[PDB]
Amino acid sequence: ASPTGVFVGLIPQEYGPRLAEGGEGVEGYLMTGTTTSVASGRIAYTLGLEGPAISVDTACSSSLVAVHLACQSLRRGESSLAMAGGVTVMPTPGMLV
Amino acid sequence: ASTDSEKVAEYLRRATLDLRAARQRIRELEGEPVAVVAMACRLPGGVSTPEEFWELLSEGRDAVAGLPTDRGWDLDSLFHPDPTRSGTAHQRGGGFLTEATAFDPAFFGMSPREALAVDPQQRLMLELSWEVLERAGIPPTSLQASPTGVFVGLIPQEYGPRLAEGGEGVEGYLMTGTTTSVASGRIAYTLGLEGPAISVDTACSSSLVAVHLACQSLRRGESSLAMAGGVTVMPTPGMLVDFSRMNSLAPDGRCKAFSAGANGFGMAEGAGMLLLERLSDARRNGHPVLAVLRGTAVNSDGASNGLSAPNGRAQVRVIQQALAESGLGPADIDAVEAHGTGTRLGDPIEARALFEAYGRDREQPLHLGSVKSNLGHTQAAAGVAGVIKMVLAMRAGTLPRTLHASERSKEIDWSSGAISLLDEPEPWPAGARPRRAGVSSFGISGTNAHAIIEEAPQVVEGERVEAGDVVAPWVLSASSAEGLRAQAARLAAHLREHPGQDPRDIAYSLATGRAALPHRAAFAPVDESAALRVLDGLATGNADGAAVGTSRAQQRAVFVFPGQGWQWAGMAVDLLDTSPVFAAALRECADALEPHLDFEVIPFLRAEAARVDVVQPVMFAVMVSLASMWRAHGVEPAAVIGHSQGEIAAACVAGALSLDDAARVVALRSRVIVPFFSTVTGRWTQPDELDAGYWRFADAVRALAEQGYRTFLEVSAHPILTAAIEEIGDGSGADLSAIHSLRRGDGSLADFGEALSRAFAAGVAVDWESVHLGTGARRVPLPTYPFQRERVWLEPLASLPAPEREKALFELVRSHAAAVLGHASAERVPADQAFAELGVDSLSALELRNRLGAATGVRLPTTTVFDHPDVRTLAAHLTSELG
Amino acid sequence: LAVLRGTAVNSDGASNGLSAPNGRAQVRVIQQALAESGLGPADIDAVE
Amino acid sequence: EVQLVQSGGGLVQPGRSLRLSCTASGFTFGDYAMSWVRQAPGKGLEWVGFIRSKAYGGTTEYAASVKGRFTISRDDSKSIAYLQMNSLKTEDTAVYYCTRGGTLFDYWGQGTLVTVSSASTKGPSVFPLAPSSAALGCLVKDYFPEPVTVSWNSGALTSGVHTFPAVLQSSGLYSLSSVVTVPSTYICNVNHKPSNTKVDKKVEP
Amino acid sequence: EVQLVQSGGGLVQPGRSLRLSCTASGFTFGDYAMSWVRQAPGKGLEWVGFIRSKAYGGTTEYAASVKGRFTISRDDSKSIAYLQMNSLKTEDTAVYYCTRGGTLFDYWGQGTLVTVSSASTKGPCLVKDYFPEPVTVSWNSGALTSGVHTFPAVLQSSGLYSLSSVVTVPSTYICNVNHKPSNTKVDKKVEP
Amino acid sequence: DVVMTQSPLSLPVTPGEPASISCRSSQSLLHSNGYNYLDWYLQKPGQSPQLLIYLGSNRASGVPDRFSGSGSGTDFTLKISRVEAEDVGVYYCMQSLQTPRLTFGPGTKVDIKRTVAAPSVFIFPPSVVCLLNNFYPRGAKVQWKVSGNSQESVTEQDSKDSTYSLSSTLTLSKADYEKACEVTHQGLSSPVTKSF
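Chains as they are written, first to last, in the entry's author numbering: chain U, 146 to 242; chain X, 2 to 611, 623 to 685, 782 to 803, 812 to 912, 1404 to 1490; chain H, 291 to 338; chain B, 3 to 135, 143 to 193, 200 to 220; chain F, 3 to 126, 147 to 193, 200 to 220; chain R, 17 to 142, 153 to 172, 178 to 210, 215 to 231.
By construction, these hints were calculated from the structure, which means they are not laboratory data.
It cannot be assumed that every hint is accurate.
Here are the simulated SDA-like cross-link-like pairs (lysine to any residue), alpha carbons at most 20 Å apart as the crow flies [to be verified]: (1) R:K229 x B:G59; (2) R:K95 x H:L329; (3) B:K45 x R:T21; (4) F:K124 x F:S210; (5) R:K191 x B:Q178; (6) R:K205 x B:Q178; (7) B:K213 x X:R676; (8) X:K8 x B:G59; (9) X:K8 x B:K56.
One side only, chain R facing chain F, incomplete, derived with CB under 10 Å [what the hints assert, rightly or not]: (10) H47; (11) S48; (12) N49; (13) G50.
Over the 10 Å line for every Cβ pair with chain H, so calculated as not near, a few chain U residues [to be verified]: (14) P157; (15) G178; (16) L226.
For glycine and all other residues, C-beta sits at the position ideal for the given N, C-alpha and C.
If we strip away everything but chain U, and leave its shape as in the complex, we get:
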C-alpha cells in the first residue's frame, strides 16, 4: 500500500488462437493474458503497489516515453518511487514478413 508508479512500453502481438475459437484448457483467460493494459496491472497486483499503473505504446520510443512520464510524475511528487522499462518478443514470424 505504498505510492509506487509502474510504466511499461509494449507493442501488441498475437500469441494463441483467436478468441472466437478458444481451446480446451484455456477458455476464460485468453483476453486476460494478451491485453497490454494488464501488463502493469499484474505487477502492481502481485507486489501490492498502490500507484499509477500505465501501459504506453509509442512504437520504438515507448521505453523513452515511459521513462519521461515516470520522471514527470516523480518530479510532481504524486509518487515516491517509479519503475520504467520496455519489452518486445516475437512469438510468430508474421512480423518479418
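Following the hints, position chains X, H, B, F and R against chain U.
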C-alpha cells in the same frame, strides 16, 4: 534623503512585490484551471452530435436494439442450450454503432487499397478530430507546426487476417492499419501538428487517464493546446465469446445500476473527444468556454482480493486525493456520476465507498445517477461520455433521469439518506453556490481515476450590438460537387430551423472557421428569405445570383492597368466619402496635384457634380486609391502591367517613386499636352531604372501565364478590353480568368461585395479580418462537414501515327494509375490533381514504374514521380521520349 | 548510479510520408531537452 | 501593469522655457518618489533631481549646474510629474528620463530628445572624390537638422556599407561620410526630406 | 536549521538564584536580538525583557515588576543567552520561553518550566494533601477505562494539591491512587 | 565613498562559457542592520536602463536566472552564467551610503570576443579624411602633425563580424594649405603613414 528612514522602505516594497510575484507563480504552476472548448461524440442509436445526445438524455430512452448484421458475423452458432459449449455467447442485444462499416477515403489523401486495411477505431478518430476542430471555430488548416498534444485511449482487439498468412491487395499496409501506436500518429501526420502523440491503454479508464495526462501537459506548459478522447469499436464477436466464459454478462444486455435485478454489464461501443486549453490563454484569444476542469487523480487498487475484484480503500483514497488537489470540500458537490457497472458485487462496494467519501458529512442530499443505464458499458469510451453528459446537463440546468432504478438494491444501505437516486429529473438552476460535479471510472486492470468539473465563469455577459448598412459576402467550400450541394442543403435546413439570426453574425461565422477547400461558391444576400432561395438553388445545382468556380493551387493575383475607357467616372460618390481606405488613399495623391493644378479631393467632386490634361491626374488618383483598397483588403499582386498611361500607376505601385511624389514628378509638366512586366520592353524590370527617359499584349499575358499566374484583376470603373484577354487566354495554355473591379452605372458597395465574391470564387486569397475589422458580429454555431461515406470492410506497339497515340498513352496511364491505387472503378481519376493527394507511396511508386517500363519497353528514372507530380505532366514527358 | 536531468518529446509533423523521418524536428527535440536541462551544447562529450 | 510615459520635447532656442510631463498608471502614485535623470548624447548618465513624497512632505534638492535654473512640479489628482525649463542652454541638449524611486531606481520611462539650438534647415554639400581606390567616399557636409538618408547606386548596392554616425560641427551643422567597397559606374545619392533636397552624384577615380 | 533548545530549571526555595540558557543553532546569532516571555499557569502571556544586538550596543530593557531582580546576558562565542534568576518571590513561577527578534517574534524556540516555594512530600476519592507535583490514577487497577473524569490539580492555601475523579453508572470500584515519591497506593472501595 | 569598477573595461566575451565582473570599492559599507548598500544596473544599446540586483544578491523579478551577484562589503563581484546573445552594453556599480549621487560612473563595456585582425589605412586628398576598416579590438591613435583640431567617428561593433571601422576628418576651411596621418593599433606593428 533621511538615512534609515526612507531607503529601507523602497527595499521592503520591492521585496514584498517579488515575494507576491513568486507565490503567484507557484500557485499558477501548481493548480491553474483548464477550460473545455469544443465537443464531439459518436454514441449508439441515432446519436451523431452532442445536441442529439442531450435530446436522448432529456427524453430518457435506451439504445439497445440487437446484434448487427453488416460485419458478416455467423450470428447462428453464437448461442446454444448448453452455455459451456465452445464459441457460444450469452448477450442477445446491446447498443452497436451502425456507421462503422462506412468511410470516406477520398476526403483525406489515402488510396482505397490502403484504406481497406485501416482499423475502424483510427478510421473514426480522424472524423472526430476534424469535427471537434471545426466546431471550436479554429480552421483546421491554421494549426501548422504548432505545439498540440494528442492523447488517445484504445484497446488492441483484432480486425483482419493474421499477418503471417498475408493478403492479396493489402500486404504492405497490414501494420499501419492494425496497431495502436499510429492511432495518434495518423492524426498528427494529417493535421501537421507537432505536439506529443501518445496512445495509452488502461482498460475502461483509458479516456480518463488520457485527459489527466493532457491536463498535466497543459499545466507544465509543454504544449499550448491539447486534444484527448477515447474510442472502442469491435469488429469480431470473439470478445463476447470470451466474456461469456466466466458468466459476467447479462443475458438481455442492459445495465441496471444500483437495482435489485443485477445480472451483468452487457456491452456497447462508441467514441468521444475533447479539446482543452488553460483558462488564461482561452480568455486572451476569445475562444468559447463551456466548463472548467480543476483536479484529477490516478490510483490503483493494489493487492486486491483476486485480480478482477476491486477494493474500496483505493477508491476512497483516490476520491480524497482528487478533492484535496483542487482544494474543494466534500460538501461542495451537487451530483456524482458513478461507475454504474450494474454487476452483482461491484455495486455494494461502490455505494459504501461513496457513502464513506461524501455521505459521512453531508448537509444536502447528494444526487446520484449513471449514464450506462441508457447506453450500456462502452469499455474505453466510458468516462469521457460521463463528462460529456455532465457538462451538457449542467449547461442546460437540468439533471437527467436514470432507467431501471425504481427498485433500489436491498444489499445497499439507504438509511442515511445523504444519497438520493435520480429517479426523476431535478432542476439545477444557477445560484450563489457554484455548481460542481464529479465522475469516476474503474477498470478491470485495477487502475481507477476521478475528476471534478466546475461551471464556466459568468463573465460572458456584457455584449453590445450595433446596426449597420454594409452587406458582408457569404462563402462556403467543399471537396466535391455533391459535398457542396449537401453543405448548401444542410445550411438552408439549419437556417430554416432557427429563425431570427443576424446576417452579419452568419457571415462572420462562415468567413472564419472553415478551410479553403478547392470547390468554392459565394454570393451576397439581401434578405433572410432571398438567401434561402439562393441556397435552395445552389442545392438543386444551378448557379443563379452566385459565383461558382473550381480552382486548386491557384492563389496569386495580378493587377492590370489599362488606359482610358471609364470616362464616366461617376463613382466619385462614396468610396473616398465612405470607405476609410479609399478616403485615405485619395487626398495624399490629390495633395500632389496642388503644385500645378490645385486639384484636391473636393474639386474632383465639384468637377463631376453629377480634356485629358485633367482626366489623367484623376485617373491616376482612382488607380492608386483602388490599388490601396485592394492591397488593404488582403489581396496583393504578383505582377502588374500598364497601358500607355498605365506605366505611371505601375511605377507608383512598384515603388519606383514615392506615393504622392510619383504624381507631380512624372507630371512636373503636368499635361505633356513589386516585380512587374515592362510593357514597352516586354520583360520584367526593377523599379529603379524608371526615369524621365522612360516616359504585344498577347505575348505579355502568355508569358505571365507561363510564369505561373493564371488570373488578372482589372482595376477600373468599367471592364475594358477584357474579352481580348480571355480570348488570348483560351488560345494558349489553361483558361485565363479576369474580373473587373466595378461596372459603370453601379456605384453601390454591393458591386464591390460581388467583386470580392467573384475574386474568392477565382481562388484569390482574401483577408477576411480586414473585411471584419469591426461590425458588431460574433460567432454562431453552424453544422459540420457533410462527409460522403461508402462501405469498406475486410473479412477474416504503334510508331508515332498521330496525336491519337498521345491520347492512347494518356488512357493507358490513367488505367494503370487506377489499377495500382486499387480504384475498383477504373473509369476516372482527377487530371489536374497531383499524386501526393491520391495516396501513392514508395511501394506503389516502384510498382507503377515497373508496370510502365514493361508496358512500353523504356527506361524510366526512379524519382520521376517527383519530377512529374501530375498525370498530365508524366504523359507529356513520356510522349516526348519517342525516338 | 547516475542522475537524469531532463527529457523532451516531439512529433515529426507533416513529412513527405507517414514513415518518412523529419529533419528539423530532431533539432527542436535536442534543443528543447538541452534548454530544459539548463546546459549548453559544449557540455556533452558522447552521444548514443 | 505599471506604465510610465513622457511627453514634451523639441527644438528650442537658447533662453526659452518648457515643461515635461511624466505619466504613471497601475500603482498608487502617492507613496513613491519621482526622480529625473539625463544622459548626454555620447556620455554617461548624471542625476538631475529628486522629489520626495507627501507622506514625508519635503521637496527636492537638485544639484550643481541646475540649482536655481529650473524647478519641479508634482500633482496627485492624475499622478502627472512636471519638470520646468527656464533659460535653456545649448549644453543641456540631451535625452531625459523619468523613473520611479528616490534611491533604488526601479522601472524607468522611455526618454525624450529635447534639443536646444539656434539654426535653420539647410542644404547639404557633397565634395566627393575617389583618389586612387576600395571604400569610395561621398561625404555630406553642412546640413540641418539631423534626419538625412544616403545610399549608393540609387540604393542598389548594399553590401559592406560603412556609413558613419553624425557629428556636430562647430558651426552648428553636421557632417557625414559613406564608403562601401570597390575592388575593381557608381553614383552616390543622398536625400534630406527635412530640407526636401534630392542630390545624386557620380564619382570617378 | 533553527533551534533554541533552552534548558536549566527546577524547584527553588523563595529568596534564591538560578539561571537559564538559550542555545542558538544554524543562523547567525550575532545579528538577531533575544527575548524572554513568561506564561503563568492558567493565564495569558507577559513580556519579561530583551537585549539589543551589538550593532546598536548592549541595551537591555527589563520592562517592569523586575527592575534588577533578573539580568539577561548575551554570549557570542558560543551563541548562548542567559537569564539570571535572583530573589524569586512566589508568584514568579511559570513556564519561560526564549524567542528570537526584538519586535517581530520569530521561530520562538521552546519553553521550560520552573517552580517556587518550600514544602515536603506528604502523600494522599479526594486524593488530597500531596506535593511531589504529579499524581496518577489507576482506576479499578487499570481495568475500568470508561467514564473517566480526572481533573487537573488546584492550588490551595499552603500548596498540597488536591485532585478529583468520578464515574457514573445506573446499576466493585477501587478508584485508587499512585504516588511516585512515596508509593502510597490505598485502593479501597466505597458504598454510598 | 569612491567606487570604481576596476573590471576589464572592454571584457570581450563569447557565448557558452560564463564570465564575471569585479567591483572594487573604498572602505566597506556593512550597515549596522547587516546589509551591503550596493546595486547593479544594465544598459542595452539604445534602450532604457533597467535594474538587475539590489543590495547583496537578491536579483529582482523578470531578470533571467543566469545572473547572480556575490561578494563581501568591499569586494563585490557579479557572476554571470553561460553567456548568450545580447547582454552587450554598459554595466554600472551603484552605492547607497551617500544619497547625493551625481554620476553613475564610466561603467564597463561588453562585446563579442574576436581575433586580433589588423586595420587598413587609406587617405583622401582634397577638408580631408583618414579612415580605417576592421581593426578589432577597438582602438586607434590619430596624431596628424604634418595637431590640435580634429573630428572623428566610429561605428558599432560590426554585427556580422565584430570588427570596428573608423573615420576621422582633418579640420580645414579653405585654401590655406601650403606643403602626416598614421594610426597605431594594439594588433598592429609600428604605424604606417600616407601624408597626402
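Verification of the hints:
As the CA atoms of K229 of chain R and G59 of chain B are separated by approximately 66 Å, the hinted pair breaks the 20 Å bound. At roughly 17 Å between alpha-carbon atoms, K95 of chain R and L329 of chain H fall within 20 Å of each other, so this suggested pair holds. A distance of roughly 17 Å separates the Cα atoms of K45 of chain B and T21 of chain R; the hinted pair therefore holds under the 20 Å criterion. Between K124 of chain F and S210 of chain F, the direct Cα distance comes to roughly 8 Å. Compliance with the 20 Å bound is thereby established for this hinted pair.
This hinted pair does not check out: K191 of chain R and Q178 of chain B have alpha carbons roughly 31 Å apart, beyond 20 Å. Pair hint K205 of chain R plus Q178 of chain B holds up; C-alpha atoms about 16 Å apart against a cutoff of 20 Å. Of the pairs offered as hints, the one joining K213 of chain B and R676 of chain X holds, with about 15 Å between alpha carbons and a cut-off of 20 Å not exceeded. As the CA atoms of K8 of chain X and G59 of chain B are separated by approximately 15 Å, the hinted pair is consistent with the 20 Å bound.
Between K8 of chain X and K56 of chain B the CA atoms are separated by roughly 16 Å; this keeps the pair inside 20 Å, and the hint holds. Below 10 Å, beta-carbon pairs count as interface contacts, and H47 of chain R has one with chain F at about 9 Å; its hint therefore holds. For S48 of chain R, the interface hint holds, since its Cβ comes within 10 Å of a Cβ in chain F; the closest pair sits about 4 Å apart. Because the beta carbon of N49 of chain R sits about 7 Å from the nearest beta carbon in chain F, less than 10 Å, this interface hint is met.
Interface hint status for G50 of chain R: upheld, as the beta-carbon distance to the closest one in chain F is roughly 5 Å, under 10 Å. Residue-level check passed: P157 of chain U sits 19 Å from the nearest beta carbon of chain H, beyond 10 Å. Distance to chain H confirms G178 of chain U as a non-interface residue, since its nearest Cβ pair spans about 31 Å, more than 10 Å. For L226 of chain U, the shortest C-beta to C-beta distance to chain H comes to about 15 Å, beyond the 10 Å cut-off, and the non-interface label holds.
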